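Protein chains: 2
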Amino acid sequence: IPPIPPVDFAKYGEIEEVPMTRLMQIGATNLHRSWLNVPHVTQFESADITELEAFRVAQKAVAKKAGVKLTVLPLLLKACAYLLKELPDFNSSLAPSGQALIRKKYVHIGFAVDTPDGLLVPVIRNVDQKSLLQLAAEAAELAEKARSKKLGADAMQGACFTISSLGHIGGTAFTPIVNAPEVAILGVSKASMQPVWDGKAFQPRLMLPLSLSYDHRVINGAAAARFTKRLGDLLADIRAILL
Amino acid sequence: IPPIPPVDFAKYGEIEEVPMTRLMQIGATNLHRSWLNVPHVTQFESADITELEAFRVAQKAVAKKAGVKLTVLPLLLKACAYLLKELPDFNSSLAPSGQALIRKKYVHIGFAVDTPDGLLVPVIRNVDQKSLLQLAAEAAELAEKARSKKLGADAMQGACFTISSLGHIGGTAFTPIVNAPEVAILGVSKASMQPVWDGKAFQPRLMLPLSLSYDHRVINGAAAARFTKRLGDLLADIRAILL
Ligand SMILES: CC(C)(COP(=O)(O)OP(=O)(O)OC[C@H]1O[C@@H](n2cnc3c(N)ncnc32)[C@H](O)[C@@H]1OP(=O)(O)O)[C@@H](O)C(=O)NCCC(=O)NCCS
Ligand SMILES: CC(C)(COP(=O)(O)OP(=O)(O)OC[C@H]1O[C@@H](n2cnc3c(N)ncnc32)[C@H](O)[C@@H]1OP(=O)(O)O)[C@@H](O)C(=O)NCCC(=O)NCCS
Ligand SMILES: NC(=O)CCCC[C@@H](S)CCS
Ligand SMILES: NC(=O)CCCC[C@@H](S)CCS
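First to last, the sequence lines map onto chains A and A'. A prime marks a further copy of an entry chain.
So the first sequence is residues 395 to 637, counted in PDB author numbering.
So the second sequence is residues 395 to 637, counted in PDB author numbering.
No lab work stands behind these hints, which were simulated from the structure alone.
One thing to keep in mind: the hints can contain errors.
If several chains are the same, the list does not tell them apart, and a pair holds so long as it fits within one copy or across any two.
[Unchecked claim] Calculated cross-link-like contacts (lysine-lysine; reagent style DSSO-like; alpha-carbon spacing at most 30 Å):
no., residue 1, residue 2
1, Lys623, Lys524
2, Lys458, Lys584
3, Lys479, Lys543
4, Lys524, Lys463
5, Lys479, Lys623
6, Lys459, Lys499
7, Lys499, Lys479
8, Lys539, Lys463
9, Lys623, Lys458
10, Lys498, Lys459
11, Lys594, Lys539
12, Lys584, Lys479
13, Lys524, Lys584
14, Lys405, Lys544
15, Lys544, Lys454
16, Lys459, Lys543
17, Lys459, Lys524
18, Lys524, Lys594
19, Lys459, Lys539
20, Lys498, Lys524
21, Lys524, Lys539
22, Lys623, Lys459
23, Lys539, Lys454
24, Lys479, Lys463
When you get a sec, could you build the whole thing from the sequences and use the hints?
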């Protein structure tokens, strides 16, 4: 690939060199390797989380009594786990022959924690088997270890799918990069109150923005529009996971 | 126990003798054995199932596509299974020494099917592990076999707890008899629309009547009022099973 020509930047004013951490350098190499290997598409969708949110908020005491804080991440993790089993092509990886998919029968999901040294993506194993307060506790443990440089490489391995949430900061949508060899990543941005047509008038509904990027060699446009459709439906009534 | 004196019933008019099936005779002996062994109390409670009902009704297509019909029995079975694990004294039996309880670590639940030959109580094993449509299908299979005299004694064994539902016929509450050696049985009667105080005015809420009878040697009044309280809370928001 052609390199970028170097520029004498000091010709235009004062410059200062600061170095990158090794974590950043690893980060950079992996993103660029994903970028060039994966033909990326992003499918955008909005989910109605008005009731999910009122559930989250009422279980605040139960959560506090358990010493965990119930955020949105466990509710996303649980729904994505159910879905990674309903639609197994999203839970798989392209075999190195390029002629086979390796379907995984396990669901482990990573989540992006941006730390000062750089990006870490801790993995929660068997997300399909744990409960909202278990996932709540573990997510928080893993993120604290990640921030404290005390996360062991053991916990950064063999994820199936990644959730990347920037909802705590802002934004409307973004296009995340697939964390190859995984085949998809869900970006989540900030929920807003929004007018939604009910057949007669517009009703304010709390809308969550989802941005699914996927590896188009393995997932086609319709499979991906179906994944964000189902996910928006599960987040609108999470009781459907019960059936 | 003193017997009832025989009466010449034909002295008062015409009589006819019809005989009881062996099933009825077994039924009769067991009820009387339970009656005399178990000091019975019944704890009554009403659960607000307005939203559970609207869930049930919306999943009608999913259920039809799966070939099952989603009634209320699976939603009761799932909630009682969660509860039989939260409050383990309800999932146990009095040891024959009378000085120990045997706590069971498995949840299998029976349910009363009244058939022409008499009462049968088929058992669904590991209710805690199956899903609403799995329990829906199995419940219906078992009840058809029960009606058809094709249920094998295998499926009438080792239940932990019994649900007895007469909601399909009518009534306000009743006092069921504990199916000993189990320690409790939930009777369910007919749901009605009811005014419920919201702090300001009365709101119509669809109320389900529950009648828990229990073996008072093993369960005390407060443990039982706590079981129907929790069950009414889980049926009001079944998503709490998720956490
Ligand atoms: C469990 C944990 C790992 C992730 O939590 P989270 O789901 O991001 O939620 P947080 O509590 O961090 O979010 C901060 C606030 O923004 C809110 N927020 C989160 N997602 C939101 C969304 N998508 N839309 C709008 N607001 C959102 C939170 O609910 C929270 O509100 P509060 O301060 O009133 O409680 C958390 O303990 C943690 O470490 N948080 C730090 C932020 C982070 O790195 N998140 C990465 C998730 S991929
Ligand atoms: C799954 C099965 C075993 C039990 O079903 P169920 O939960 O009793 O529900 P049913 O569909 O039989 O009930 C008949 C109707 O009364 C309704 N009903 C049931 N419980 C009710 C309640 N507690 N309050 C008010 N109405 C109720 C049902 O929802 C159903 O309505 P529909 O005809 O409009 O669909 C069912 O297939 C069956 O065999 N039913 C026959 C009745 C029976 O023996 N039930 C025993 C349960 S312990
Ligand atoms: N884990 C890594 O070392 C590479 C960076 C992560 C890939 C995704 S999270 C990029 C999101 S935009
Ligand atoms: N199973 C039996 O043979 C005995 C009868 C059942 C006990 C309960 S269901 C009575 C309910 S009122």
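Hints, verified against the model:
no.	hint	in the structure
1	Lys623 to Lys524	both (24 Å within a copy, 26 Å between copies)
2	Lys458 to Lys584	within (24 Å within a copy, 37 Å between copies)
3	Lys479 to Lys543	neither (33 Å within a copy, 39 Å between copies)
4	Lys524 to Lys463	both (16 Å within a copy, 29 Å between copies)
5	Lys479 to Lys623	within (15 Å within a copy, 35 Å between copies)
6	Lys459 to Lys499	between (34 Å within a copy, 25 Å between copies)
7	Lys499 to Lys479	both (8 Å within a copy, 28 Å between copies)
8	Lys539 to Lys463	within (17 Å within a copy, 47 Å between copies)
9	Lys623 to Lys458	between (32 Å within a copy, 21 Å between copies)
10	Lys498 to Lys459	between (36 Å within a copy, 27 Å between copies)
11	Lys594 to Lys539	neither (50 Å within a copy, 49 Å between copies)
12	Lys584 to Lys479	within (27 Å within a copy, 38 Å between copies)
13	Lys524 to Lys584	within (26 Å within a copy, 36 Å between copies)
14	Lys405 to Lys544	neither (42 Å within a copy, 92 Å between copies)
15	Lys544 to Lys454	within (29 Å within a copy, 49 Å between copies)
16	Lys459 to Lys543	within (29 Å within a copy, 50 Å between copies)
17	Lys459 to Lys524	both (18 Å within a copy, 28 Å between copies)
18	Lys524 to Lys594	neither (41 Å within a copy, 40 Å between copies)
19	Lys459 to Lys539	within (23 Å within a copy, 46 Å between copies)
20	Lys498 to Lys524	both (18 Å within a copy, 23 Å between copies)
21	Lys524 to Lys539	within (20 Å within a copy, 35 Å between copies)
22	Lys623 to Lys459	between (35 Å within a copy, 19 Å between copies)
23	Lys539 to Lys454	within (24 Å within a copy, 45 Å between copies)
24	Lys479 to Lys463	both (27 Å within a copy, 24 Å between copies)
Of the numbered hints given earlier, the model fails hints 3, 11, 14 and 18; all others are met.
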